[PDB]
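One chain follows as structure tokens, the form solved without this ligand.
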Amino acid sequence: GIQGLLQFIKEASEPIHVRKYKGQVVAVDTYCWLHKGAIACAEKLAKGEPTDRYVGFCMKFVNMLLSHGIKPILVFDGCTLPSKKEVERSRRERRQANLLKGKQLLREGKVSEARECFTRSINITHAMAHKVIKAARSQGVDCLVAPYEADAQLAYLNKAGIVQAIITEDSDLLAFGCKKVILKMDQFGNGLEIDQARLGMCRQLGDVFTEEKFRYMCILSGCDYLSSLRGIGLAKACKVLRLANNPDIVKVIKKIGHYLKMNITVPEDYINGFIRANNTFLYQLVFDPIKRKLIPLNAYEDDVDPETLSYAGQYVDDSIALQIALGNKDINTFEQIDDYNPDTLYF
């Protein structure tokens, strides 16, 4: 994600307990719990041997949330964006490669190194997430599978006012324009909260505390949608954005070599990549649980043609998007693997 974003806006953080959100609703990036839970199932998941410990982990955190009168909303990732469509495949190659090395170093007899081999092949499927959805539904906890990246969905839930805060371990949520983000939360409730309005407390940020400029800075620093230019981190991006005055971000990027006193000429693909990154942060498709339909994260502005934003997610029928959101329809095979109906969050 955004490289060390937390350390740059340290002064906008505040240590809290989840009791602060008693009688309210918060959205949870369930992946951060699912992963940690799946760590203790490394050899079991790699062996193909059944296990339900990550379920108990996620439900430990969820029950911890419920104990303080909080209404948690578990949000999961859905279809992979066309941008990261290949990087995922690479990660899969490395996955089953380390699975190969794992099963080979297991059969060798030395299971000592298998604790480094089998754990490098852990892969969060959608059946595991679905198990978590079942367990959470057996407690009255609403779930929501994002059409694509969970970050966008969470950001929408927070922006709309459906949830008041977001529990996650990813700093990219701030780039999506979230208001309140709860980070580093443990199994008790202790975590660092970062509020958007508090962004101005950071002196090293300058006038780059507004949503748009902050986003531009996060992108220029280096994100998952676009790698940063050589020698360009958070400090550099914040610097050039502070020294910039021209509303046209394209001209600023083209003149990045002037403001930083560096020898940096912008590749043609970097400009387009920046435009696509910005448009991905702005208009990635999310699921509106109230209207039960597929909408962009933000409403399209005046100078944007939605026909060009296929990389930000493809549109499908609202019924199918609903079946995906409920976790009924499989992400890959589009088969009906469940039959849940919220009429027998989705009010």
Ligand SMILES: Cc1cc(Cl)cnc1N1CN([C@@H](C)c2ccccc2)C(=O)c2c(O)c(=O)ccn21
The other form holds:
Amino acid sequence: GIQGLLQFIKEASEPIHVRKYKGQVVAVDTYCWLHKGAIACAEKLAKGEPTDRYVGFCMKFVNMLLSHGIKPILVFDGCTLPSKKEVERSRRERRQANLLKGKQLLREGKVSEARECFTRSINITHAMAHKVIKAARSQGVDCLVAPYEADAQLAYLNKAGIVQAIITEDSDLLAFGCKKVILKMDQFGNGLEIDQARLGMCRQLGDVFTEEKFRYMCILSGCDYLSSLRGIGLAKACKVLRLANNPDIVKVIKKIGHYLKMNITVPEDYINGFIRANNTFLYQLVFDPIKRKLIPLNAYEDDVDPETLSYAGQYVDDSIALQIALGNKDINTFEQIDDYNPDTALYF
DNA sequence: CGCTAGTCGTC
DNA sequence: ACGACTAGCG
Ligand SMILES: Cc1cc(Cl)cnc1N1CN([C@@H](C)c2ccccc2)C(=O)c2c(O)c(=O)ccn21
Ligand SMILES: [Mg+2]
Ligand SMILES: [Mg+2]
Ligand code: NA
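Output the form solved in complex with this ligand next; the form solved without this ligand has already been displayed.
Next comes the full complex, this chain leading.
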């Protein structure tokens, strides 16, 4: 997520009901739904008892979209990016410590506090995702596991024209350049739609409404690939890009303290991390499910070299990318857990 | 005062 | 891994 982005661009948002997309295609950031579902059966998931309540949760939202004539494409996160492996292991450690804290709370009679604890102790596994995939496939619902982040895969589906809107709780999708993003959608279909075309309605953005400048602002403000410099949020990131007249973002960032009248010494690792974050939003690997090929989100541009971009996702053979996309190949172990083949029955 | 970030409650 | 909200900083 980009902290505060939704409130900063409030004027580009409008309340909608998903009926608006009747006869259209919509891609879903399914781990958001798996998460809410896993909270509803957290005591069983953390301890180790078998449960499928999270499956019923996701299918309630899938069945609501289908009732309104919407063709949903459920996208799932895949492999972790190299730069996020310490983060994903640190998350496992906090979830296991919250499981121990919850057990301790139940022993002290604090049942309500322990039940809360368990909700922050759950791991969303590929095996949980695969159960949702199977349930959705029986209903005729297409599923796709992104090679890496679902954010990039979803942005690809929308930029390519396959889907007309992205349902997600993550404002990163706006930074990736999605045209229509549906945030805060409830089980009944009510939600907040942000349209990229309406970014011009936001007086706070000024001229920071182009895809390039908007992405730069989101990165400078603090993003999932790079924390901000201290004292920098959306208002100051936007102010810097508004005041600067220069195509080169690297020169602008070095001069950041001057534009804001702040004491900012820009570290060496900040400039490099910025270029890496920018390259991740631009060139992260996604899967074209029609041609069944692993490709970068955008075609490579003049100032980059693909061999330096392992942090944006490593290439694997197209056949391996296809087994991952169908849900047949476990994202953590690389074991073949299923044999689904779309031919012998999105991928057409 | 505008803004950012630390605290706290919950999904 | 959220947001609300306010203290407290520049
Ligand atoms: C660890 C985590 C928890 C929650 Cl509530 C939300 N996001 C989480 N993570 C991980 N994740 C997926 C795998 C994922 C989403 C939901 C649950 C587990 C994994 C993401 O999609 C993701 C982002 O895109 C982002 O910008 C920041 C953080 N996360
Ligand atoms: Mg994501
Ligand atoms: Mg994200
Ligand atoms: Na920030």
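What we label the rigid core is the largest C-alpha set whose atoms superpose within 1.5 Å from one form to the other. Positions refer to the first chain, counted from 1.
>> With the core superposed, a Cα shift of 2 Å or more between the two forms singles out one residue among 126, 103, 184, 198. Which one is it?
In response: Of all the options, the C-alpha that shifts by at least 2 Å belongs to 103.
>> Following rigid core alignment, is the displacement of the residue 112 C-alpha between the two forms equal to or greater than 2 angstroms?
In response: Residue 112 C-alpha, core-superposed: shift of 2 Å or more.
> In Å, how far apart are the CA positions of residue 267 between the two forms with the rigid core superposed?
Replying inline: Its C-alpha position differs by 0.4 Å.
> What is the magnitude, in angstrom, of the C-alpha shift at residue 303 between the two forms when the rigid core serves as the superposition reference?
Replying inline: C-alpha shift for residue 303: 2.1 Å.
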